[PDB]
Every structure is written in C-alpha cells, then in structure tokens.
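S.K.: Residue strings, one per chain:
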Amino acid sequence: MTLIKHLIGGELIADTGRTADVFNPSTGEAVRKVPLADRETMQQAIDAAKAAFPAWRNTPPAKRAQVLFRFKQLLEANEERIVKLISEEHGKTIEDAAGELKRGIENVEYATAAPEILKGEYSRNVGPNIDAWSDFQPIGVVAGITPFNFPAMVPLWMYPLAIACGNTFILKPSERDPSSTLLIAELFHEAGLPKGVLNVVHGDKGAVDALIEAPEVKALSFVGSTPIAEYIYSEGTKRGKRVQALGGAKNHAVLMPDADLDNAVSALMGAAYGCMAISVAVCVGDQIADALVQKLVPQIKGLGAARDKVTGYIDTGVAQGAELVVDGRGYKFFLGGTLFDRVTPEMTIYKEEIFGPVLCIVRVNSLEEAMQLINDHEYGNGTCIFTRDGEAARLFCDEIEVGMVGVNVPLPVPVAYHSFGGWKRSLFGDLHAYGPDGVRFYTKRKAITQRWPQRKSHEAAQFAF
Amino acid sequence: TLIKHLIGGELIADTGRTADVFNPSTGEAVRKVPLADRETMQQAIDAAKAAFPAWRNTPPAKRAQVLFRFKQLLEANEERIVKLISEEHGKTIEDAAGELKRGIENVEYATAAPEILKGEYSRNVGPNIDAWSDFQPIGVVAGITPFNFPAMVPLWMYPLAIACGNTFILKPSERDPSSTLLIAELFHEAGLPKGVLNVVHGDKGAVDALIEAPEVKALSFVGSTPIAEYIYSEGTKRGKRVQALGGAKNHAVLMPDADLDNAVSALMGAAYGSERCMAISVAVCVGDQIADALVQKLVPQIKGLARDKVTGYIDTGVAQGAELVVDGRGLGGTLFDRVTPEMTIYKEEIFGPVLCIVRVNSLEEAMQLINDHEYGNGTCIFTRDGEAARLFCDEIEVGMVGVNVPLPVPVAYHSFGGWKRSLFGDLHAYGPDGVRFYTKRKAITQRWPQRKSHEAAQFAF
Ligand SMILES: Nc1ncnc2c1ncn2[C@@H]1O[C@H](COP(=O)(O)OP(=O)(O)O)[C@@H](O)[C@H]1O
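In order, the protein sequence lines correspond to chains V and B. Heads up: the first sequence at position 142 corresponds to 142 in this note's numbering, and the numbers run straight through without jumps. Heads up: the second sequence at position 338 corresponds to 338 in this note's numbering, and the numbers run straight through without jumps.
Hints listed in this document are in silico derivations from the structure and should not be mistaken for laboratory results. Don't be surprised by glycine CBs; every beta carbon is placed ideally from N, CA and C. There are no misleading hints in this set.
The calculated label-pair distances, taken between Cβ atoms and stated as ranges, are:
1) V:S366 to B:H428: 41 to 47 Å
2) V:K351 to B:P59: 40 to 46 Å
3) V:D430 to B:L2: 53 to 59 Å
4) V:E121 to B:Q72: 30 to 36 Å
5) B:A112 to V:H377: 34 to 40 Å
6) V:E121 to B:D20: 47 to 53 Å
Partial chain B-side listing against chain V, Cβ under 7 Å, derived:
7) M400
8) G402
9) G418
10) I444
11) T445
12) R447
Sequences are here, hints too, so could you generate the full structure?
M.R.: Laid out in structure tokens, this is it:
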C-alpha cells in the first residue's frame, strides 16, 4: 500500500504526473496516492480495448459465460479481502459493504446468462437462393464512470453485462475509493479474461473529458451527481455516443389527509433517520402536516468545510422562510435528525441535496398539486403515497411518472437517482426485470440478407492465383 | 376547395395564413391548407388532454376492437385513398397502393399490442402486501410526418400509440395533407372517441407549438436531417421523449470481384420520381477497375423516366472536381464519379435520381467511410468473397445489410437519440421499440394498513 496502479492492456501501470490522496474517512489520515491520468494514458486504454474487441467479439457465448462464472467464484472466495478495502476507503459498516458486494455478485450472476437470451434466427431460402438471418451484436468499445458510494456494485452492474454481450470496457472509477474496484478488476483477469477487454484508468474531469471526446468509444455509462450527469449526457449524446446516466435526486412521499399516521411515520423514520431514501414529505392539507410534525418531533429526539456545508444549508433554509422544527446539530460535531416545515420548491433546501438525516415537509392543497410537484422536477426512482382511499391510490399510481411506487409501504431503493435520456436503466429493480434494458444498451440488432450469385460453370479458370 | 382540421372529433375551418397544395405531376395548385397558430393548436392539445383519462381506462379488448374496424374501413376505401395520394404527392398508383398495404400492416400489428402489454400480479408477496407490474400510457403525444408517405408514416405512429392508450396530435405535411386526413376520419368512423386522434395542419409555427406545449409528453418525427436535429435537441431539452428519423444516404460497396450485372441491377432499381426497391445514393468502389467498369455499364442504362435548387448542387460538384458523367438537367438521371467526402455533393442531401461513385483503396476505408457519417438504415456489399462479406456484416454499423442483394428500404434515414425505431424493418421485430416509446413501466407494491375495529365511527360522512 503506497501507490495504486492503472490496469491497462492486462498489465498494472504506474503513472507519475498529477496525483491526489485517498483518505480513510474513519481515521482522517491519507493512506495512498491516485494518478490523475492524461489524455495519453487514456489513449493507451482506448487502443488496448479497440485491439481486444475483434477477438472477444468472436469468442463463443459459452466461453464468455465460462469466464464470468469463474469471476463469480473468485469474488465469493475473496469477499473478506474486498469488503475490508471498501470500509477502509469509503468508511462504512462491514455489514453494509458485504451486502453491497452480494448485490454486485447478483449482477455478475445475471451476466453469465446473457449469452442465452442473445441468440438469433436463421432461415434458408427466405427467397430464391437468398438466406436471411438476424443477430444481436456488441457495439464496440464502451466506458463506465462510477461514483464514490458503491465502488463494488455499480461497476459490477455495468461491465460484466457489457462484456458478456461481447464489448470491451474502460472503467474510470471514483478517485476517492478506487482500490476495492481495482481488486475486483484484477480478479476478473485472474478468472481468465483476455488482456484489454477490461481496463481501469484512474483520473478526474480530465480523464472523463478524454472518454467523452474519444471517437472510438461508442457508449458511455454514468452514475453520480445531477450536474455531472447532465454534462456527460448532453456532451456525450451530441457526439453520437449512447449515454446512460443516473444523477442524484430526491424521493418524495405523499400524505393524504386520511393517511394512517403511525404507518407513514414508521416509513419516514426508517427512510430519513433509521430501507428507502426519502427526503421530502408532501402533505395534502394543513391538518395532516400539523399532525405529522406532532408525531415526528418526539421520535427524532428518541434516536471542517463539511461542518460549514451543513450549517450553510440549514441557515439558508431559515433565511428563505422555512420553519426549522428540529435542528439536529449537536455534540458527542455531528448532525442528528433535522426537520424543516413549510418548505417550497423555490427554496435552496429543496433544490440542493445535503448528505445526512434531513426531511422537508411541503404543504400542498390537492393531490394534483402533489403529483405535479413530483413530476415537474428531476423525479427519482421511488415514491410513496399514504392513504386509505382506493381512488386516490389508483390515480397516484396512474399519473405519477416514477417507476417504482409504494402504497402505504416503503420500497427497497436506498439512494435516489433520476435517469436521463432514452437509454434508461434501473439500478435497484429486479435484475431479471430490468436486465434487458442493459442488454439493449450494450447491443445492436443486425439483419442480414444474403445471396451468392451463380456461375454457369466452376472450372479452375473461374478462380484466382 | 379548402382542407379542414380535425380537432375534438369535428372538422374545423381555419382562415388565416395559408399555402397551396400543387398537383406535382402536373405542377398546378389544386387546394389550400391552413397554417395554424398556437391557439388552434392549444385547441387540439386541450381536446387530447381531455380525452386521455377515459381512453386510458378503456378495456384492451375494446381498443383492439376499434382498431380492427379501422383496418376494415381502410381495406374498404383503398381506391379512394390511393387516388388522393397519387394526386398530391405524384406517384404511380401501384406504389401508392403498396404504401397503404404497409400502413395497414402497421394497423394490424397495433390491434395485437394490448396482448403483449399485460403484466403480473402477486397476492401477499410480503405479509399483507400485494405487488404488481404494469405498462401504462404516457399521456398526450404528437407525431410530425413527411411528404413522402402521407399514408404509412402516420399509420406507423398513431395506431400503435393509441392502442397503448395515449392520445395523439398529428401534424402532417402541408404538401399532401388530404389523404392523411381522410384516414384520420375513417378512424373516427370506426368508433374512436372524440379527441383521441386530432389532425392539425401547419408549418414551423405549428411544430414549435408542439415542441413548446408542456402537456405533450412525446414527439415523433420523420423528415429531413436539419429539422430532425432541431426537434430532437430542443424537444429533449424540454423533458420530452423524442423519436427522430432524418434523411441520410445509403451506401453500396463494390469489391473488385463483384458480379457487375447483379450490382448494376440493384443500383438501377433505386429510382426517384418528382418487393425489394432500395434507396442507394453512393456506390463506394474498392479499386479503380471495378469503378471504371461500373461507369461503363451505368451510363447506357441511365435513360430513365426543387429544379432550381439542384442546378446549384450539380454546379458545385463540377466546381470542386467531381467528374459529371451523366448530366440530368432538363427528366433527371445524374451520375457523378470521383466524388470525395470533402465535397458538398457528398455532404448535402439531394433531391432526385442522383448517384455518386466514390473510389477507395480498401474495404476498411469503405467501411470507415460509411460508419463515420450519419449512417443510414440500409447498406449492401457486392462480392464473391466469403471473408469480405463476413467482415462487412460484422463491422458495418448499419442495421440492415444486403450481401449481393438489395434491401426493401425505399428511403434512407438516420435515427437520433436513444428512442430508436426502424421504419422499414419487420414489424414484429421492431414493434416493441414503438411500444416502449409510447409506454412507461410501473412497479407497484401495496398494503392497506389494518384497523382494530370497523364500526361506523371509523369512516366519514
Ligand atoms: N466536474 C466533473 N466533471 C466530470 N467528471 C467528474 C467531475 N467530478 C467528478 N467526476 C467523476 O464522476 C464521478 C464522481 O461524480 P460525483 O457526482 O462527484 O459522484 P460522487 O460525488 O457521488 O462520488 C467520479 O467517478 C469522478 O471521476
């Protein structure tokens, strides 16, 4: 543990040039250094992947499935070692880190069976001496840009599927916890993956701009924050690339007047403080809002530049006219449960996401207004409605635009993301249900019609030297 | 006479801005068309927004039913329709009837879309928690259609979108809008509720209206590449789903070993006026021999059967050093040799019977040429070599490929964005892409939290 190496062309490269430091969130002490890569160091990876592609594309489906199956085993073998490397640079419960990797492995298990659903049809003499067939081909060299949370699972949600489909991959992970990701890359090479099929290149905005600029890379896949997502989406798409982009968002719960309050409070307390991501509670009518606050407050007492970040957030909230009902700042400098009431979508505390236990209550007069509020912003990947009315619930499920909906029940969607464009993937849905969307993003359909026009005779004079 | 809009189930007469529809075989104006303002569009939008909730909840089988009668009423009125196509677009009635036969195949596919749209139900997936999954319509959607194909391109959009349970605003071409409107009316005659399909005639104003309207959730366009890029970028910028096909150029590759009579036959089928007929506008020849030979054969056969725009096009071609081998100024029938991708005649898309030969030294160069531009929807390679053909099929990026055989792709289009649909593919193969464009997937989990007692005091009056 001194300097972390790139994984280009099957060998580990040491870059010395620009460099940042990876810290240990639970200690504070910088542990290692990471190389912010130049366009030359990226072009290496691109050339490596471009070179590996034709061989890999023609590798038999069953052989690709085989190398993935061993990759799954070698991950289930080295779990302890990996999980340690996650908790060390990200700082999270080893139990959480292990649960993340279990998900990554589910993604690898799904990828092993992608070759099966990718077989196409053949027809001899669809017309006179004309054969026809259809295939699903890989698109070429593709790249994935991964976030800080989930250095294990988010890459394993991208590249195994893309490689199973027969592409080659350049992975540019987060600078802040890149060791765990790189280990998993190496294990894939150890499982049997040819050189150049997966490459790992560490870096920052430079590295990413490199991939956005490179005309060889055909598809670009990103999960992180909403500004960076919009960037990569628009700038990628305008250069003919396929772009899949999940950007951070806010999930909303709606409370109708008839909501069973103990049930809603249970969901909100698990989601905002206590598993689902919810950051805004839209209340229809003032009664249910006043009542919700009455119940929330007791239960929330029941439980350096970042210090200035949160104080700034809260302070702006008060400044713009929100009611700060529970201020979670305290000692043991932690941020406990914070509750804001009387929040509006023009406030900064609604528009800006803040890390940690913060709920905003937004008061609204009708269900239509609540649904319009949720639909008109960068809507997330989960939403709830709490009500006893059947007609309300049916309408909410019909007109809300969020993909997963919970009626009096929270959803297994632990982080909120908005999905850009038409190349849409779900991160937290059932893999078997949303996997085809991944497969379609990493493949192109091809439809061939073929005829070999005839000769009258086939004497040696009709061929070459 | 004057052509009426079809908003909210009734025919409206607009008088305001107006253009003239000509009878383009016999270049002489036959009718007038109303270029609509934002108010006349907002009428349609409001009509469609109103019709949506009822239509969305109409049973699958009832939607299938109205589509099935729509198919019959088209097969009933074919003669009348085809006449109206040939009259304002100007094309052989046999072609116009073949177009409508395709439109009807689109309607037949839409009738069966309700079946593939059923989802799952599971009682107690968790303790007293039900779960289900559904494919819902998205709302009010709009389609903007081109001059070529006033019958089939709309029937490729709205029947499927309506079968999925949306409502539709159709803004057809100003230049041949009679035939499209007739088919709209027949749909109403088949039983379609008022407001579910609306037809609003217009131009850039009308289109900008739909691009601006926040009620319309998806926008579907087929036409020229500049207008396509416009609608794509500006539509996606406003949160809409946009499906866009923009005019392009299909390329044929000739290897040295190509059977020339076979290639010439395919290239010569690719005809322009005013089951496998193909659009090809560029013939990439590998090596000079096959190119010289191709020219030798093409010239005699080019005695076949906007005008001011393309004198400029041809003139620029000569100016930049292309060899003008057959000059079609007058009936058309133009051939250019020694064309390069830096010329304007390669970059700009051209009205009419124009073929450009591009000489290249390797197959790799030919494939790179085709791949590096806004590639079309069809391509051919002519060769006897198996390895060449396999490689071409592997590395070319065009979706449909013909090896020594032309493809049934009569117009070239490039597809923008991630909402991609094929216009000329097998409907059963590319139909799901349409279905996905006009629907949104939902996963619902539901629980009704219990009460301890259910006396009348626990409910409302
Ligand atoms: N300004 C930027 N432009 C382009 N890419 C960036 C930028 N900032 C960060 N990235 C890259 O995107 C990922 C981080 O995006 P971000 O939204 O900051 O995720 P997170 O903050 O959750 O780690 C990293 O992989 C990083 O390399």
